[PDB]
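With one protein chain withheld, the remaining protein chains of the complex are depicted in position.
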Amino acid sequence: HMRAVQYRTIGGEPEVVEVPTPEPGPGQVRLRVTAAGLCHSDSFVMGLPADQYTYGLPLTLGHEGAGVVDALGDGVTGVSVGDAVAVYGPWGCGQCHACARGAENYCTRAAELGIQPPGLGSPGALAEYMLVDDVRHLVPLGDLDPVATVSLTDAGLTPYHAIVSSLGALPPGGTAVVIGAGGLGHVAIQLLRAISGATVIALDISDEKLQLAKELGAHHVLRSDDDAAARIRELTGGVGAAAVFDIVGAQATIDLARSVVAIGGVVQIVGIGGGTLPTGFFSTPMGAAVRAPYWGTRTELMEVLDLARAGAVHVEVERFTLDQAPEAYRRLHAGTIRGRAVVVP
Amino acid sequence: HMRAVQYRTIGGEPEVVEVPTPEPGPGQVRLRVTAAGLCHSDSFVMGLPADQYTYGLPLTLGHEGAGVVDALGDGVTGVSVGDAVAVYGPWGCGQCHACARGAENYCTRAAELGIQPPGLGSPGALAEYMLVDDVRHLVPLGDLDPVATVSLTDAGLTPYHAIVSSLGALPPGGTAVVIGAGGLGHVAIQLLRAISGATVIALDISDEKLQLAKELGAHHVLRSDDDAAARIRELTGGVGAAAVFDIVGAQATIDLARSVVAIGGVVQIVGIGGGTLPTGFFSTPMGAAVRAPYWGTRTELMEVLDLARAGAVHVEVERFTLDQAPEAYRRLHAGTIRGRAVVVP
Amino acid sequence: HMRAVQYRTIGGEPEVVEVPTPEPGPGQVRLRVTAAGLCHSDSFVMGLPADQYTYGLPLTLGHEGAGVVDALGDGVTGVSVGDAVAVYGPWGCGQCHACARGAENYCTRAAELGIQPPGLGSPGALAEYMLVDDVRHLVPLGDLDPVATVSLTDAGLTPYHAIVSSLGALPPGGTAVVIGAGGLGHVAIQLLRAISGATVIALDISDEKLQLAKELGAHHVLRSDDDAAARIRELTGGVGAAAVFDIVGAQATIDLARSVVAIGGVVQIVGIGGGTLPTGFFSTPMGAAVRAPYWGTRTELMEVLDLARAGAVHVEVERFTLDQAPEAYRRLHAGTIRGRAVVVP
Partner (left out) sequence: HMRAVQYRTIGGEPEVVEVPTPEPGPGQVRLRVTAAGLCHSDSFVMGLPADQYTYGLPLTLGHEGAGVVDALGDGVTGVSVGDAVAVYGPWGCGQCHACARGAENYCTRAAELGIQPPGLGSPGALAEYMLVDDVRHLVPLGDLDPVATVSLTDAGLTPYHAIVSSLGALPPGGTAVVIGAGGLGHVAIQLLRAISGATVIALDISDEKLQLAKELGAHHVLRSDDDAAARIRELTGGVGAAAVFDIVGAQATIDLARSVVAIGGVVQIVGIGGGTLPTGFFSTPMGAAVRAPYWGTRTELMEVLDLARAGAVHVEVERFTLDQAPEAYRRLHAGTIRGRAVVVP
């Protein structure tokens, strides 16, 4: 009845399979999927041992989703069949203190209630159709290209969230360091330019990726190696960086972040790569804050899409078919994706 | 001993005159003036009746000052002879709650203590030399061109201050309206682009000035006439503008601001033009805030200069000599200055 | 089938009448009403000429509602029959930028969509039963006394909102002025003590009401008369008040607010009493902001109720029956209610 990309066996690769076409229950909506982004978080999930994997098998992947509204569940109002929409991913209960400010990413009853994001417990977007639990998890696209913008649902939303949180500690004329210019990173750079006055130093491990970072707005680019810290120190007059966004989050990138963050600065550990930053006296500088944020808010998604509309941010897309999804994931693990891999089913 | 531009007779024009070269008292510094901006606030001061004028005669004009440090007063440390510096203008006591956060513009003991800005009570910058009361009112220029950047001391500082105050009410994807694209206005536009994601609508009364506004970053430009409000309504989907910066502040521009500010929006009345905005229920929308800010903070000046360094903002300058200062002021009143008039003595 | 208090004829008084007991449509919930507060906003609505009145006749009054969940509409989840809940009143669309941060009070599509608060267009709480449009407009009471706390839905929520907005301009050791110690006012005073370090000056026109204000936390109380401004000036060392909350909002109380707000201060015009504050240069001080807020946010309601739980705030209640509702409204207009009139049907 419909085609989809699923994780089905622990330690195995994602596979294109045929599954039932779902029907919207009451409250729910079905989208005909127009675009679906691939995220390195998916590689992280599939790289988990059986004892640590909690999302059930099979799992349709894909938590960056956009589409056209296909069918309405019982009692649904707010959207009409035919509306083009992006999917807000980090679902929450809707009612707690956090959910009420739109910050369903920090919902305090989601684990207890078994609420799970699409592609991370609930059925994802890498399919011809998908279900969304509730109308508040849908944002209008207007006449934004779904393929061009779908990744703003995470590749944009997540670093935007990290940046907005950090703005107090990034005055104009301060310096922001971005470690990793990939899916999130290449959007992170653009977002720092759009809404701060900060000088942006990007880092990565291919010249080719550094060149894209330069073009996307990075004032300075640097290889992520042993020299990085000292060059960043030189670039900031020895003061260090007011803000550091680590989009890798390995021990070594975190170590780098610790050596270059300024007095009173902030480190957002965005990338999930196995490290921790030892925060405390004589480890991190005085006044320096460290945080590992997760995804972002409903308002923030809308805001990121509005930046797309205004031409202030865009995704560098590498386009694929549904059948190529496995192939594309292999490319992503190998580091041969330029920007974001996006599937059009 | 030195040449200067002064206001000497009520209702009269500024004149080039010869005066004593001042010597720095203890705490004070003398600058050899490298650049001096002209502001429409000066026209406002000289247009005051005798009973309302409080700055004493004669008065050397010019509150946008930059220079090279010429001589040190007794006990001065912090600066060296030869340092290039911008002058922070809205002087305060240094010690009250406001002064301590750097916001000497909102100093609560300045009037009581007779503290007055250079060119607005104290001797100004339109001269070959000038005195600054204290070292904390000097900011380093580095290798910024004094002539290009001097006006960032007010033409930049003032609207930057207004914008920073308003950022909470300007999410990315909201709309900011700028009424008046003159000295402050043409910098205001650039600053909104540098540090917000907001769509900028500029307004003015010459096509020529609107064209410069477009080039400087305004997404949309509009003649400031009877149609303005409805076009702004159309441009925002009928919601109105999240923020309005009125750099004219006449009753009519204020009236315009009131008709277009959105629910929960903000109006910064920056221009001094004789009006007031009737703020209250069924006059201003629910949640809408109105403010008449003054100048800006010490940190904000530094921040604006750092934006100049990073190429994010600049002043469109029209250059003059000291002898042409009167001529230049006539031009400013007539509306035939492109950006900012700057004198080099 | 059920008893209710309605406004039925323009210029007439509210009447106890018998109406149909409503049934919950899909999405909706019915409450058995445990308490219903009376607000002076209701007097304002009933005092409107026919051409300005937009809520339709008849209208069941009462926008401060609490209850026990009586029946669930089709497809409703989140609440169970038997749950004790407060009603969040300033309803919005749920989906716009403002609604998504919980600030349905500043919803930008409510007027267009005909969305109306209970007791202010939709059927209110002064009845044995009431309908709520959606589950997100219900907050749990836990084991808070509905009668004691119901007025926190507006009498608390509204000034809390005004205070939270103003906190940046109320450092500890600054002074907050509260003009009017009535339903909102007597809670406003308590809230300023709970969550700021500000010295509180309350004002009113009866000694008896001033005495309650003193007891509820006001550091200083003053008759609202010609001497008020100078006493407030003396009390602040001539600086003025960092924040002023006018809970009357008549021209004279607004005039008072203008004369006493400090440089860089803020005025929240909370009371609806026909005035406007002329905001602008030489009318309001430099940096002073003026705002007419409306109600508050979803998070703020929860926060106010949590303060009640912690014993940090309470409502001084004057208790009535449904039959006494008209009588109680007469008392409120005459100024002989101590704190808040609350009806228990």
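Note that the chains take the letters A, B and C in the order they are written out, and that residue 1 is the start of every chain.
Here is the rule we use: a contact is a pair of C-beta atoms (placed from the backbone, for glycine too) under 8 Å apart; a residue touches a chain by one contact, two chains touch by 3 or more.
Check B:75, B:82 or B:114 against the missing chain and you find that the one touching it is B:75. Of the options C:78, C:171 or C:326, the residue whose C-beta touches the omitted chain is C:171. Of the candidate positions C:105, C:122 or C:196, contact with the unshown chain belongs to C:196.
Of the candidate positions C:219, C:223, C:231 or C:319, contact with the hidden chain is made by C:219. Taking the whole complex into account, chain C touches the unshown chain at residues 171-174, 194-197, 199, 219, 299, 302-307, 309-310, 312. Take chain B: the residues that touch the chain left off the picture are 26-27, 74-75, 78, 94-95, 97, 100-102, 135-136, 297-299, 302-303.
Interface with the hidden chain, as seen from chain A, comprises residues 97-98, 103, 105-108, 112, 171, 173, 238-239, 249, 254, 262-264, 269, 272, 275-281, 283-284, 286-294.
By our rule, only the chains that are shown with their structure count from here on.
Counting only residues that touch two or more partner chains, chain A has 299, 302-303.
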